[PDB]
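The data below hold one chain only, encoded as C-alpha cells and taken in the form solved without ammosamide 272.
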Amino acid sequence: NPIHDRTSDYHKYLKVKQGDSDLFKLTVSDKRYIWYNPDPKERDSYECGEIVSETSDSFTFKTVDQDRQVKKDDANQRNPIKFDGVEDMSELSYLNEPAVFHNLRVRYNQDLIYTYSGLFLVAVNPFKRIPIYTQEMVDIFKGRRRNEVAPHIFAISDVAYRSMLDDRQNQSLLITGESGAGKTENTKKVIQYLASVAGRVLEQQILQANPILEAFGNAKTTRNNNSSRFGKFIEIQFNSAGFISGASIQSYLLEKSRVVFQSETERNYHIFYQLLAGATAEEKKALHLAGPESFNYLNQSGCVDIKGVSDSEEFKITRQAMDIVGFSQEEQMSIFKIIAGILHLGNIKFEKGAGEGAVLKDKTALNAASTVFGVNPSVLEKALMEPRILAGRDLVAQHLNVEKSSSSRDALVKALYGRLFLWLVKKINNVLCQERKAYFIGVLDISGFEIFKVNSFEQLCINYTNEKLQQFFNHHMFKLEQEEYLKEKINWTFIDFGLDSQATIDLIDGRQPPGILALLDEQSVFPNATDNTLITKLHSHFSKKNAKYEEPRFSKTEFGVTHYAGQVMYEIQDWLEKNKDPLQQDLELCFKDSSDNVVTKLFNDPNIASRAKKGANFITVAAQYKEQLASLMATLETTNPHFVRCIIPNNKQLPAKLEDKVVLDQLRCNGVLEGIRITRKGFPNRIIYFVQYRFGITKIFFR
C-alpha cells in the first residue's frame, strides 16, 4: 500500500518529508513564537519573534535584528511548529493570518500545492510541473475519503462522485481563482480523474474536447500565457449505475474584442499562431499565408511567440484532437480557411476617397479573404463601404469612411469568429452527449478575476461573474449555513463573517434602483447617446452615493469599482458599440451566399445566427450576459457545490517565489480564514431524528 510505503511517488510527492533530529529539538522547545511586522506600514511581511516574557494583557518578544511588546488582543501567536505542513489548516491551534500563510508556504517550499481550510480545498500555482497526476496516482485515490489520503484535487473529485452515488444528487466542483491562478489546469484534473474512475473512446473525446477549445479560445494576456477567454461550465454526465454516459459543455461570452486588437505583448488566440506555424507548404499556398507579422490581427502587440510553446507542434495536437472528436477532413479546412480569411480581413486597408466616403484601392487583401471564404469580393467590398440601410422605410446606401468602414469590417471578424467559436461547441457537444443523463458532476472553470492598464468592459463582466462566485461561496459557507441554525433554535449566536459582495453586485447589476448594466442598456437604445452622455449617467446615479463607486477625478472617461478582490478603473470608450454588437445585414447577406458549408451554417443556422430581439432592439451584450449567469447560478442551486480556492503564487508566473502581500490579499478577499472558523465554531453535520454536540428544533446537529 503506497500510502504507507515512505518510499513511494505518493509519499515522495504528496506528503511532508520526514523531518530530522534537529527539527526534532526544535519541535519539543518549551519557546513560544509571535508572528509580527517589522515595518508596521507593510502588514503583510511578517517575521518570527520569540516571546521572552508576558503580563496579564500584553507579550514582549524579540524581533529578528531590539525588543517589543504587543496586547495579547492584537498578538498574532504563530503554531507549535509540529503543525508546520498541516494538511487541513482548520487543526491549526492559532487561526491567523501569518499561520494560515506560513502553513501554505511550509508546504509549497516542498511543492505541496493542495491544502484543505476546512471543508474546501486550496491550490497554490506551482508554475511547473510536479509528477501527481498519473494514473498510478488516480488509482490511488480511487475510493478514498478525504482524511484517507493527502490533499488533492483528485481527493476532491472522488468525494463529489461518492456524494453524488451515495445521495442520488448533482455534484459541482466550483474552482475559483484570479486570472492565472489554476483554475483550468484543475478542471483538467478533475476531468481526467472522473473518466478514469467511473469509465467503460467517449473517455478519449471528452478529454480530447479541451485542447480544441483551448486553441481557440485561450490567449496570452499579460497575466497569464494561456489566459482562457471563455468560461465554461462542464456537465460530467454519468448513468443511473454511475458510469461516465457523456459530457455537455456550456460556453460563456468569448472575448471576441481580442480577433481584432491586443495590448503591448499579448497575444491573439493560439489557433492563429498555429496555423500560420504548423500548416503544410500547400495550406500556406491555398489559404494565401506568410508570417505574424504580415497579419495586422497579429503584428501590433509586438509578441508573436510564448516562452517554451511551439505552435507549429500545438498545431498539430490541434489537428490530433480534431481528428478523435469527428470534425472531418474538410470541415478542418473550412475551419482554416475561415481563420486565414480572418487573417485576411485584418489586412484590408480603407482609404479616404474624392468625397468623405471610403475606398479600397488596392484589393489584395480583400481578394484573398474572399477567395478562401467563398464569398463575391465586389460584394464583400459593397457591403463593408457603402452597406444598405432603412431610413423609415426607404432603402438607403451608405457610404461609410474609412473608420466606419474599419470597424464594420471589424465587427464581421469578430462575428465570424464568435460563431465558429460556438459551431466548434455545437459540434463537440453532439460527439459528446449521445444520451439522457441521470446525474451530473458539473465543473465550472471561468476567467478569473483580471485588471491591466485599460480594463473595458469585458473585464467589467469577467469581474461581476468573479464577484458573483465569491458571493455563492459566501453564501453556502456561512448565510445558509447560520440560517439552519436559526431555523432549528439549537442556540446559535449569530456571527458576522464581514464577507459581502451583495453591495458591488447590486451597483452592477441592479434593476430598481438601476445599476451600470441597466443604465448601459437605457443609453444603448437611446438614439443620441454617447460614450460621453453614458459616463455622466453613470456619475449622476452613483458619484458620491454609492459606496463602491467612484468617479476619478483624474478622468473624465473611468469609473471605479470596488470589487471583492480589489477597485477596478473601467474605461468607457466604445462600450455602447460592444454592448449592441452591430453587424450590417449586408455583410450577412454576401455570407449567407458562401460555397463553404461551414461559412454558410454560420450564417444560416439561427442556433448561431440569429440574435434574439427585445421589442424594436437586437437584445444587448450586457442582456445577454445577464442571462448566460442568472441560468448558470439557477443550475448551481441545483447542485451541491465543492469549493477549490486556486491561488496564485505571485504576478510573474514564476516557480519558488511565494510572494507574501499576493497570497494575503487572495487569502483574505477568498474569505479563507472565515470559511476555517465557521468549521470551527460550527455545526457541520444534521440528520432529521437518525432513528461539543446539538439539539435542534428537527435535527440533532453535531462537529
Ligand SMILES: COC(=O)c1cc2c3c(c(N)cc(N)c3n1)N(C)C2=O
Given for the second form:
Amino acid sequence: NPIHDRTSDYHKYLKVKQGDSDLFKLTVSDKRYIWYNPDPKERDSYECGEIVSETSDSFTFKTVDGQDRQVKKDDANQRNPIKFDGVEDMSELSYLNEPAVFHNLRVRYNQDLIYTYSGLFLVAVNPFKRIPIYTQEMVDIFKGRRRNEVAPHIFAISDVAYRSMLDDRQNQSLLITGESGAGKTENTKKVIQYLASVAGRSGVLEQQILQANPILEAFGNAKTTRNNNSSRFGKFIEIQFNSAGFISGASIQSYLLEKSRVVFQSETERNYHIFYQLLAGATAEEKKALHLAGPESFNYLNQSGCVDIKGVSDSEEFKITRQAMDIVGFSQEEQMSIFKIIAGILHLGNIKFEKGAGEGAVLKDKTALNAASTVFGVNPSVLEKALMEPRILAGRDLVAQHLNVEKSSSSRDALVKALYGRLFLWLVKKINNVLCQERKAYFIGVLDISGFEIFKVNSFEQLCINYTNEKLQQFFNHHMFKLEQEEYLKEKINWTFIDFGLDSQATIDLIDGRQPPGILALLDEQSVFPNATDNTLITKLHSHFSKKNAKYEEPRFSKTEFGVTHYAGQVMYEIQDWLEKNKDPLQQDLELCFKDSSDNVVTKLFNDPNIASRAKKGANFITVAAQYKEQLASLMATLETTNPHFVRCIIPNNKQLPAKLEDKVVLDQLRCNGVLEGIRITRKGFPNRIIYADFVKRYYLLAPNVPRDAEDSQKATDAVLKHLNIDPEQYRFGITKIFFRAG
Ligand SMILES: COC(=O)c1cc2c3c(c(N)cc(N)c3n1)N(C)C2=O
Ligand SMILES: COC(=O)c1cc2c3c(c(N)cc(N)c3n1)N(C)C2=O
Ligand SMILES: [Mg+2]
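Switching forms now, from the form solved without ammosamide 272 to the form deposited with ammosamide 272 bound, please provide the structure.
Every chain and every other molecule in the complex is listed next, the one we just looked at coming first.
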C-alpha cells in the first residue's frame, strides 16, 4: 500500500518530507517564537522573533537583527510549535492567526504540496508548474479512502462529494472559488477526471465529457494580462449519475461570454484562442479556401501587440481541438462551417467604412465584405445595405437609416459579437445533446466561473464577473457561518452566536437590489429610456448612491467612474458604453441577411429560437443585466438544493511564476475568502452531527445493552458513548441530534 510505502510517488509528492535529526532537536526545543512585522507599515511581511521574556500582559522578543521589542499578549501572533509545520488540516493549529496560517501554507508549498485542508473545505495554491499528482495511479489511490486516511487533494474532496451523494442520496456541488488565475479551471478539470474515473463504465461517454473542454476553452478562453488561459465564460457542469452511482451523463450550463473581446483586446492580451489556432493550424488550402493570412493581417488580432503565448503551439492546439470535435461527434461539414464562421468574423473585422459625400458611411473596398459573404454564404449587397443603411420603423413608417462611419463600425461589431456568441451557444448545445442521453438520478455540479478580476479600466463585464464572485463568496459565508449556527441554535446546543464579520449582502444589494433600485435596476431603467446616455446613467447612479450607500463611491478624480467595494476590494468602473452593452442591439436587417445564409450552421444561428430569439419584458427586450441576473438567481437556487463542497484556489503572485509565494497577495486572499473564520467555526463549533436514532447502525455498543433498536434515543446514546469516557466537552445534545467537535 503506497500510502504506507515512503518510497512511493504518493509519499514523495503528496506527503511532507521526513525531517532530520537536527530538525528533531529543534522540534523538542522549549523555545518559543512570535510572528512579527519588522516594518509595522507592512502588516503582511513577517519574520520570526524569539520570545525572551513575558509580563502578565506582554511578551518581549528578539528580532532577527537582535533588537528587543515588546508587544501586548492580546496583539501577539504566536508561532505554532514547529511540529505543526506542514500540517494537512489547519483546524489542528494551536494558534489560529494570519501569519501562522500563511506559514503553514508556505511550508507545504515550498515542498510542492499545493493542497491543504482548513477544516471542512480545501485550499489550493496555484503552483504555476506541473506536479505529477494527477496520474491514474494517484486517482486510484484516492478511491475508497476516508478523508483522514490520505493527503489533501482535489481527488479527495471529489471522492467525499461522490460518497456523500451515495450515502445521503442527495445532490452535491463542488464550488471552486478564486480570483482570475487562481486555478479554478484546472481544478474543475481534475474533479471531472476523478468522477469520470471512479464512477465510469459504452465507455465513450466519459471520454466525450472530458473532450468537451478543449472545445470550450478554444472558443471561450483567452489570454488576459492576468491569465494566459483565462475563462471568459462561467460554467456549471452537472455530472449526472444513475441510482446505482454510475455516470449516466453530463450537462453544461454556460454563463456570460465576454463577446466584446472578439472585437477588442487590450495591450498584450489575446482574442479567443481559436482564432490563432485556426490561422496557425489550418491546412495549406484550408487557408486558400477561407481567404486567411496570418494574425497580423486581421484587425481583430493585430491590435493588442500579442499573437503568442509562451509554451503554447496554437497549431498543435488546433489539432487537439479538432480531435475533440471528432470524439464529441461534430461532423466534418459541421466543423468546416464552424471554421467558416470564425474566418468570416475575421473578414468582417477587416471591413473599413469611410465617410461618403455626406455624413453617411461608404465602403470603397469590398474585398473583406466579399470574403465574409462568400464564407458565410450570404448576399454581399444585402449585407452592405444592412450594415450602412439598415431599415427601421418610425411609428409605422419604414425608414432607411444612413449610418455614419462610427455607427457602421459599431453595427458590424454587433454583428460579429452576435455571430460569435450564437456560435458559442450552439457549440455548447451540440455538446449537451451528445452528453445528455438519460434522465439522471443524481448530480454533482461543478462550478467554474470567471474569477474576480481588476484592470486599469473596468467595464460592465467586470461588474458582472465581480458580482458573480461576490455572490459566490456570500454563498460560502451563508453555509459556513449563518446556516451552521442556525442549526446550533435550533438544536438549542447552548451556543452564543458569533459575528464572524463577513457579510457581502450590502454589496450584493447595491448591485442587484429592487427596492430601492440597485445599480443594475437603474441601468435597466436608463436602458429603456429614449433620451438616456452614459452620462445620464452615471449621474443617476451618483444621485442614488453617492454619500448614501456605504459600498459605493462617487470619485472626485473622475466624471465617468464609480467605485464598488467588493469582498475582494474596491473596484472602479468606467461607465462608457454601458447602455449599449446592456441593450445589446443588432439591426433586424442584419438578422434577415443571415437568416438567408446558404450555410446549415449559420441559418441555425439565426433561425433557431433557442439561439436567435430574445425574451421580452413589456415593450422591451430583456436586458443583459436582467437576464444574467435571472440566470444567476437560478444557479443559486439550484446550489441551495445541493450539499456544497468548497475549494478555495489561491494565486501565489501576480506574475504567473512558480516558486514565488507572495505574502501580501496570499494574505489578502485568505482574508477576503474568510479562511481563518472558517477554520475558527470548525474548531469552536460542532462540525459533526447525527439524529438520535440513525446512530445504532454504524457500530453496535459498548454499553449495558442498547442494541440496533431501543425505546430510548437520548439516554440510549448517552450511555453507549459514555463508556469510552471521552470528554462531554467534545459533544452536545440537540432536540434531535448528538453534536461533536472532532469525531
Ligand atoms: C452569448 O451570445 C448570444 O447568445 C447572443 C448574442 C447576441 C444576441 C443578440 C440578439 N439581438 C439576440 C440574441 N438571442 C443574442 N444572443 N445580440 C445583439 C447579440 O450580440
Ligand atoms: C434586496 O434589498 C434591497 O432591495 C435594497 C435595500 C436597500 C438598498 C439601499 C441602497 N442604498 C441601495 C440598494 N440597491 C438597496 N437595495 N438601502 C439603503 C437599503 O436599505
Ligand atoms: Mg478559468
